[PDB]
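One chain comes next, on its own, written as structure tokens: the form deposited in one PDB entry.
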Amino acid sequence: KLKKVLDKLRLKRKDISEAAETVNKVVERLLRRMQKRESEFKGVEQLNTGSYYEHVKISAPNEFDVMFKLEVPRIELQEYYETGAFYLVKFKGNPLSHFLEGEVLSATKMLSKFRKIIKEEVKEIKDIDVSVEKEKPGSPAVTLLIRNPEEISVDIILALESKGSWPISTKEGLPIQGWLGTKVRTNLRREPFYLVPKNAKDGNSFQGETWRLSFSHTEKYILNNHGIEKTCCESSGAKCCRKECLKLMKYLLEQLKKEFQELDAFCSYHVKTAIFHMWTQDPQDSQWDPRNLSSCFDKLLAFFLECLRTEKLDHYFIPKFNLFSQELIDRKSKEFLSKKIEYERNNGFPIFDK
């Protein structure tokens, strides 16, 4: 049954080819515009991120994430309260001085200019049906809607790149020592970290100056390098069901969200985060054998339910940041999701039949 759902979720090559060709054209154009000329974002470089580029996109290739990363030397971080994930940014005749709010580099100001430039360039595209989606408060993304004629959304994510050591809130995150190992962890943490203009929500409003930590790069590496054995899912190695298990979990949540508005606060990142913990908990490739797909999915569900019940889902990189805190998601919303998942679980997943 699960194998047949996976067949259904699997992307078609023809769909991939048609989508990618258009998406790549638009992105390439936006990138060229940023880099030329007297622009504040002149040095941005492209990094493709998220589900599609992690090969865990399901159903249709209609969502693409891409970061435009900007190297900003000598920045100093001040943690926004005790959130671990959100920060104010300061510097130790720059183009970025336009975005300064005091000595603080404002996320809103920088994103708004970034967004303004994108809209200008999108207006000049004549051969492709593309529009800029209406702004979402808090969101770090400038979202494009493309009609290929099929609907495709492209999230362009502005990001600051810092080459320094990672903020201490991440010191006990990335607990992959018994799984991917110490050399991998050390090497990953020697890579840069990123800040995206996602504002912290403080009560009824957003703190417009705040930035948010990003490890979209690391997550991408982990998805592509996910086994304890170096040959996991390689041509001279054994196939595992780690990614398949993630697709099924993503699908379950997506179907549930499609018919229950009370689940708007839940997202695929919660699912991704839960399975990262699961991969830490069950490190052996043998406990992710394709023959044991059914029990792997069940283990994930039980773990997820327990996170729901205890209102605790630690960010994989920032362990003191609880994705399932009462502050972020209401108790009733979690209890609601708990009931739905339990139902689908005990009933052989009727919602998988659309």
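Numbering follows the first chain given and starts at 1. Rigid core (definition): largest C-alpha set, two forms, superposition within 1.5 Å. What changes on going to the form deposited in another entry:
- Note: rigid core superposed between these two forms; among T170, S268, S214, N199, the CA shift is 2 Å or more only at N199.
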Second form
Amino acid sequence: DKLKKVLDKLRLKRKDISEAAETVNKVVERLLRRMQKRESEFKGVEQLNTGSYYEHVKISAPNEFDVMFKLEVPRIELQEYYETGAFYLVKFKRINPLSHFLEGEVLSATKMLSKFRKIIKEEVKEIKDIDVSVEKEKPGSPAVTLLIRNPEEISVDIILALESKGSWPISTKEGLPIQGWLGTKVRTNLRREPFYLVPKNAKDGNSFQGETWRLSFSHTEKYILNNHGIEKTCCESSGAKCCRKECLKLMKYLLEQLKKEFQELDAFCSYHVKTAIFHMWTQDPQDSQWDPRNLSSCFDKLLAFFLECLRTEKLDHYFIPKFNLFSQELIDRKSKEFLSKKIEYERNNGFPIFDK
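Cool, the form deposited in one PDB entry is there; where's the form deposited in another entry?
Nothing else is written out below except the one chain.
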């Protein structure tokens, strides 16, 4: 009940969806068209809509959209970066529009993102009917973020991605453990889909900085979010409703509200909660462990699980098991203890941050 009313506050309004999507699609369509001009290295690039808005778990307002501009790259050869499992160098053994980004067979990610960025910036400059500008580059982002003032503020991340149709890198062999939940045929079919590489684009001063790419499974996450049940009819017009997505929304909202107040939580991001709930859905595969009538305890058990991840410094990437998103290397112990105490506080005082 208390959580039904939060979900009501979190629910997007069709009026807002409608106006936000009309502008967002106008801009994206025009950027996609510019990428296909004859002399553009990005000709043939294709659009893939991803992220919470297209998974139907975007909360509060429709003000942040994510879209991949993906470019098929055949004859690709990968070299894992330092056994990290998620980061790779991308080699061409064959010698191509991607000429100008090569560095002796090694494909520079920052060179290709820069040219991509400049093209977008020019196309945005020629837009005169909507108030849209290109956000200052953020280190660690693979995105070119548009800031739209459809009066209200809207963010669109244009994510540059390489598309490889070969089999997935062996670092994922043990990843995606959906056999007991969505099953082996789903897993086999999912792993026949392409995998994606986006720029790491850190400026950490480490070797190979501007040539490191990072695996992306947004496409696979979108499928899972929209086909999330062990029963084929879960949340369908002739099936039973589950509360899997509602739990994701509540958890997203807890992290959003806290991050809004506390800059101690800057290392945390919504993908951490998304990852945590993929493990909980794997742990509790049956749709009856996500009955809408048990939203309270379903939310509670996800918090307990997240808390255990924080305290034990262990949140395995769902697709790359050997990659710990909560290792010391990425997030301070003190950053994790701070969030634990804040989560424990909300959990045991009626979630006062939901009332803000």
